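Given next, in structure tokens, is a single chain: the form deposited in one PDB entry.
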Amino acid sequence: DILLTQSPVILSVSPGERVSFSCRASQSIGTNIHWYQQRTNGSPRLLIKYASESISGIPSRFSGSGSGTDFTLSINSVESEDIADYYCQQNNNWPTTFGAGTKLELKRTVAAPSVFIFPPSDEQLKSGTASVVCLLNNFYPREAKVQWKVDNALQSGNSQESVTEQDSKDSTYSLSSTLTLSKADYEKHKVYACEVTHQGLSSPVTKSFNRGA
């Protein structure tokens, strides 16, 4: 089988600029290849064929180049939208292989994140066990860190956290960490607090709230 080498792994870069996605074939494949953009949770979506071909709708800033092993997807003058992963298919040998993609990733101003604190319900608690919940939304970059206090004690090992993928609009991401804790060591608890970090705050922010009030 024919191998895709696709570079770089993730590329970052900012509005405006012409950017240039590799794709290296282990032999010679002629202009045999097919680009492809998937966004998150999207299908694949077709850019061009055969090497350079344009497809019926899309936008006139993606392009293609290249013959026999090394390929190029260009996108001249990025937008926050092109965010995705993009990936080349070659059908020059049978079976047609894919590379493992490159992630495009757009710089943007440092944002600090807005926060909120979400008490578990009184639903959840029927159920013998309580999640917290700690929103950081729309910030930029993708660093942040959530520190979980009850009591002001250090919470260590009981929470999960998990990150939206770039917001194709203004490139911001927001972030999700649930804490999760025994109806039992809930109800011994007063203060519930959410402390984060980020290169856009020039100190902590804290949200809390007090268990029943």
Given for the second form:
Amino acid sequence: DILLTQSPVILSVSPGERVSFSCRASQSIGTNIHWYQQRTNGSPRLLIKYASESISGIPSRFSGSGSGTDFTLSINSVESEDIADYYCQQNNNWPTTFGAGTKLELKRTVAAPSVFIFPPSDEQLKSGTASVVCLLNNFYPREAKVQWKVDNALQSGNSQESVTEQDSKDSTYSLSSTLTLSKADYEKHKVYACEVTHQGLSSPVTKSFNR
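Provide the structure of the form deposited in another entry, given the form deposited in one PDB entry shown above.
Next up is only this chain, free of partner chains and other molecules.
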């Protein structure tokens, strides 16, 4: 079976640079390769067919080159709506087959998260469970650590977090962390703190509430 190996898993580039994506087929394959762009929540979009053949409607800063095993999708001056996953496909062996994708990410200056902590709403409690929410707004890069201290015992296996895809305008990220505890677990402790570590915060920031 034909393997298609895309790389890197995440490509990180400054906006305006010439960026190039690579797809390696495990058997030499002529020019029987196509490329797609897929934007969050979108269906894929054809960019190049047969390795180098432009598709109409696609902006000219997209090119492709390659023949045999080694193919390359390229972008001169990367824009901010070039933020997507890029896929290769092969055309030579039954069945057609896709690569796993490269994610294109725009580099940007470090932007510290604005941190916010939210006690569980009215009612939710008296309806059984409490959800506690930390929010880190508009940061870059994506690497962020969030630890929950409850009276200062570090917490584990009681939180889930979620990160937005990269914003096309400010090109940043937004995380949110949710502490889940049934009523009376909340209503046993007092202090509920949220502790963020991130490149753009000289020492960790902490946000708490309720004493």
